[PDB]
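Chemist: Take these sequences, add in the hints, and give me the full structure.
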Amino acid sequence: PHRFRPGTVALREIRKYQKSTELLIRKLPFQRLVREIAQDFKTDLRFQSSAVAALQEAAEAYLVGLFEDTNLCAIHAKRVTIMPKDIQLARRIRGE
Amino acid sequence: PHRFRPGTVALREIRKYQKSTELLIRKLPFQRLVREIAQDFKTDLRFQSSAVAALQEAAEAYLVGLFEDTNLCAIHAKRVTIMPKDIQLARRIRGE
Amino acid sequence: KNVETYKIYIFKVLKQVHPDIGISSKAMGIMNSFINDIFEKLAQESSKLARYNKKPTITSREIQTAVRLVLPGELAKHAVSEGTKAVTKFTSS
Amino acid sequence: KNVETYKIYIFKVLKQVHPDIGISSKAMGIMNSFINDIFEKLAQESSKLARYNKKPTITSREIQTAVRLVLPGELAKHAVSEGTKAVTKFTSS
Amino acid sequence: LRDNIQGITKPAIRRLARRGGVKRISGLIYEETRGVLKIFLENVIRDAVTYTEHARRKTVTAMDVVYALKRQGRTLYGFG
Amino acid sequence: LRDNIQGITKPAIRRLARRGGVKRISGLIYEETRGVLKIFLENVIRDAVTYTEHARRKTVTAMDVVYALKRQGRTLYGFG
Amino acid sequence: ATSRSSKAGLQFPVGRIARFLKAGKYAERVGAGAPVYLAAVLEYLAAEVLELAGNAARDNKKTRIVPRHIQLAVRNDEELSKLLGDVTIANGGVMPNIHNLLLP
Amino acid sequence: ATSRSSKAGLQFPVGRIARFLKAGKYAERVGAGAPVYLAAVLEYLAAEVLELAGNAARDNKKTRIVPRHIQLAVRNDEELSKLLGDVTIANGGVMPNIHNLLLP
DNA sequence: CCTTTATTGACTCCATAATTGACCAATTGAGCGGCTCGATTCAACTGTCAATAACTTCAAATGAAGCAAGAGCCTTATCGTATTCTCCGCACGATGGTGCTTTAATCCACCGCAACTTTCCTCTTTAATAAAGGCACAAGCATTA
DNA sequence: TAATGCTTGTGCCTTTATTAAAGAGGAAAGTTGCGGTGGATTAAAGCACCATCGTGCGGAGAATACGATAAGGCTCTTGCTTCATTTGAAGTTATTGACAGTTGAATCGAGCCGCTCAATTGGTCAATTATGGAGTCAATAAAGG
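Quick mapping for you: the protein sequence lines, in order, are chains C, F, G, U, X, R, B and L. The first sequence maps to residues 1 to 96 in this note's numbering. The second sequence maps to residues 1 to 96 in this note's numbering. The third sequence maps to residues 1 to 93 in this note's numbering. The fourth sequence maps to residues 1 to 93 in this note's numbering. The fifth sequence maps to residues 1 to 80 in this note's numbering. The sixth sequence maps to residues 1 to 80 in this note's numbering. The seventh sequence maps to residues 1 to 104 in this note's numbering. The eighth sequence maps to residues 1 to 104 in this note's numbering.
Rather than coming from a laboratory, the hints here were simulated on the basis of the structure. Mixed in with the good hints there might be a few duds.
Stated by the list, open to error - Subject to a maximum C-alpha distance of 20 Å in a straight line, what follows is the list of computed SDA-like cross-link-like pairs (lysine to any residue):
#, chain 1, residue 1, chain 2, residue 2
1, L, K61, U, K48
2, U, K41, B, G24
3, G, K48, B, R4
4, R, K58, U, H18
5, B, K62, G, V17
6, B, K61, G, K48
7, B, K22, B, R4
8, F, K85, R, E31
9, X, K58, G, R68
10, U, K48, B, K22
11, U, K26, X, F79
12, U, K55, L, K61
13, G, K12, B, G85
14, X, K70, C, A53
15, G, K26, G, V3
Modeler: Below is the structure:
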């Protein structure tokens, strides 16, 4: 059985997912999450579909940017695996 | 001759300079620098004294914040010495 | 010309809160600038709120929503409570 | 209600720049949002400029200063050049 | 309608990281990312719900979300 | 006026770093800090000079600097 | 000629704030209740900041509020620090903070 | 009835922009030359962005501009990227960038 | 280098939907006019920014000595990765109900404009005391033993 | 621990200049009055938002073998800190002068507000073409030999 050495498939996925414009998070779970979060602010809320779509786009873009910053932080410390401390440092410097 | 081991005087200076509200950069060199920089935008400019004072306050506060971020970046990489790469990373994450 | 500032009112509030504590001129100016900044923030936010809903009037409702959107958390809740109390007292007299 | 947009003018500019290239509706909407954002930025900045100097009017000078303050570098220089050319053309005929 | 934060599966986080250029991912990144995403959504949805409530509406529209995002310096085109 | 950027002496940078909590400093930090300070001053002074030029003045006032700072999200208190 | 400030039981200038709202051209019309609400909100914020500043002055063993105490009060409260994250106080100094890994 | 757009030699709606400026209550009065200047600036910015987007579309062997091309044009030019740094563009994707230290 | 194999770009053909085009109306830019104000130019005053000189003295520049911290290298073990199997619940298509968003019409009430009063706040002047500065002194930390 | 340098924290007198206090008057807040324009209320339609149902299939959860990456430990050498000497430039003070910011008027240009109109553009329906989807081939790169 031909097995790829670890790390090359990750590189192929990096190349492939950076080329596409598709949304990566499944739509229905994200919609349920948004509704649950909004339930704590005001009960009996209806969501226009475009509102949930905009929320998903914004959340995915924010997460991609955060992961780019996290990768920079991880590379700075002479590593290739991102860790929770990298995310914490990135969010700390960004002022979040 | 009694000599302090390296690092203790640095810690004392850290404790002392964080307690004070004084400006650390000398006024006249900073004023000359500001005039030199402004000469490139418009010739024959006069500066109100409070304008130069505000510029000095803003620059010193910005540098202090940048050095705090640089110290966080240096500590992240398991060091106590701040390096140019730390400043570069901090400014990169801040979006500058 | 006469320069208009909130120094008198801020001093009155200080005497109401800390009877025996005084305030320097620099701190007075800083507090005045802080209050001006907050006033401007709330005013522009309420103006945007009025513009979005096509209403030509700014009312206490726009100010309340501006307070909720600008101030964070417990601070916003307490500010809303104080504003509602003041408006109720003004209207009921 | 009739929704007002810059689709026609953006399409004319596109045909002037790229005669054989078309544009999708999504890209057209994105360009429309971009132009609306820039318009709002310049308008509020010019309003602040007029407020600072206590002038009740907005003229081409306020727009020029807003352009030089908001847009960066060579982009602002070229925008100023184009605006001045347009104003001269409007005034001279 | 609760615990839908676990609906953001591990492959989704891996795909988002891959899109960001990440080559290897630790084990606690999934929990950390879920927490930060929940915080971001809480802020944006709070602002959007306030905007919706002011207009005396019951349905959250896309314009409310766009305004809430623009309030935080994250202007989004394509939903105007 | 030339090379006045060297007027920001090494002890001044050391004091600014100490105020920031830095314990040890490298040798190239001084040049890096001088460069970043020059960039920051260039931006702020450019905005202040534009504000001054609009008002048809020749003297840069403190209010122009305050407005230039507020344009970049760094509002400064005590100079109003 | 009863003032609106004492009519609503406030210390802040309801009339002056109403005039400011009118002059700012934020809208064509300004409701009667808007300046009272805005004055109350500003009064509450000023009272909160001044209370924290006086507390900081007391714990320092001074009887006068200075910009250092305002900076300390702002940076010691989470809500104000969120509201005033980008704000620089002239002569405010910094909060004394030394990282654990730097200690001897 | 000569339109002000072609009177000034522009493509953008000088009249519509003038009406927008007057309606927005940015000031009590707007000069006759202000909308022409604003229209020219907006036209220049739109032309620049559209030219870069069309170049990006052509480089990809496509005929119609899509949001991906707009995102690529924005992020490949320093000036617009500085102007549009905080902007999220729907369906724009990201610029392909892999760190040299990750390569095999 | 080489060979096999998994992966993807290209190439072609068909579907499809969606972007371009034509048309009716609708509402809004343009023209003319009257009219009040505002922003331009001029003038004087007056506030202060720049340039000068002088002296002091403390902070910056430089050199030595030394030590401890960053970096390189080796070893390990454990933990993320790739591959396979099973399954499960998301996506798509249809439906049916209803509620809530938007629009139109009406009424009423409330805020802008104006003039007059009046009384409250703001520069100018006066003072009094809180804290910086200086001087003497105690005290906990650092350091080498 | 422990003695000693040693820098910093602490207690007390001085003054000063920085803040607390009083007044003239003028500049802005309150009041009355009017009225039309905006906001609150109500009825109605229509679409949009939700809840239900079926299926079926690609993507998610769970093991399993494993190898390579993060982490720990040792060594060294070199870069940075601490101390001391010399100096040179910033800080403070007093002075002068002229440039430029500001306030006050006259005023002539110009932009706001009405009324008409009609022409440009936006909602609605038709479409064919550029792109999406499926299937096949060739080119690319990776891994064990």
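Chemist: Would you list, in rising numerical order, the hints stated earlier that this structure does not obey?
Modeler: Violated hints: 1, 3, 4, 6, 12, 13; rest satisfied.
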